[PDB]
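The structure appears below as structure tokens.
Heads up, one of the protein chains got dropped from this complex, but the rest are sitting where they should.
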Amino acid sequence: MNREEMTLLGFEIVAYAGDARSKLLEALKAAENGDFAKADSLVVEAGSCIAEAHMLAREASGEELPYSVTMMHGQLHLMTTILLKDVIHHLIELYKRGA
Amino acid sequence: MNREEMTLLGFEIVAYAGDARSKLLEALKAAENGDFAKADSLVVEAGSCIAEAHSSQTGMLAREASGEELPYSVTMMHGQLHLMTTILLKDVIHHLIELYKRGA
Partner (left out) sequence: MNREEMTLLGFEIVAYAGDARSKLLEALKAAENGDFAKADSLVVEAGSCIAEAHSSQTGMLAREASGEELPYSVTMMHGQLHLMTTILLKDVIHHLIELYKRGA
């Protein structure tokens, strides 16, 4: 690829990751307010955005790939958002048990 | 910008993000110990360090979006990582603190 493609790739990822993040934070908000159904529904929607966001093999299939800060920003956003998706069950569960 | 420049900037982001990260973790320790006022105060402080680093990151990304080619730097990558993971922690820290509050 060239930088533009890596960059546009970054943006599309930032796009999905940004949506998923919003729903996850909104889910936490819902769980905080006791609306657990909304939280679960918001989490599933976040899961959907993440599903579509989804290099190493490409780099290994030679070398290549141009450095793009936007592309790493997109990956980083996606990964930190997935980390949130991976622990949100517990945050919500702790809210339920607390209530 | 040359690699050295990105590297220096990377250190600057690490300085602010590391500081904010320490404050957020200290706020969790505070909340864990029942000092909710200290916890909230520390988050407000972390937020100020994050805003500084975040606006710089935003500026740098827009430079690339606008066409400028930014050189690769592991230090910059490290700064971005420190900042973004720290931002995530901040985005959810209210919930970890509230949870400690309800049980305490």
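Every chain is named by a letter (A and B) in the order it is written, and numbering of its residues begins at 1.
Keep this in mind: contacts are C-beta pairs under 8 Å (C-beta built on N, C-alpha and C of every residue); 3 or more make two chains touch, one makes a residue touch a chain.
Q: Could you list which residues of chain B touch the chain missing from the display?
A: On the side of chain B, residues 3, 7, 11, 25, 28, 32, 72-75, 77-78, 81-82, 85-86, 88-89, 96, 99-100, 103 touch the unshown chain.
Q: For chain A, which residues lie in contact with the unshown chain of the complex?
A: On the chain A side, contact with the omitted chain comes from 55-56, 58-60, 63, 65, 67, 72, 75-76, 79-80, 83, 86-87, 90-91, 93-94, 97-98.
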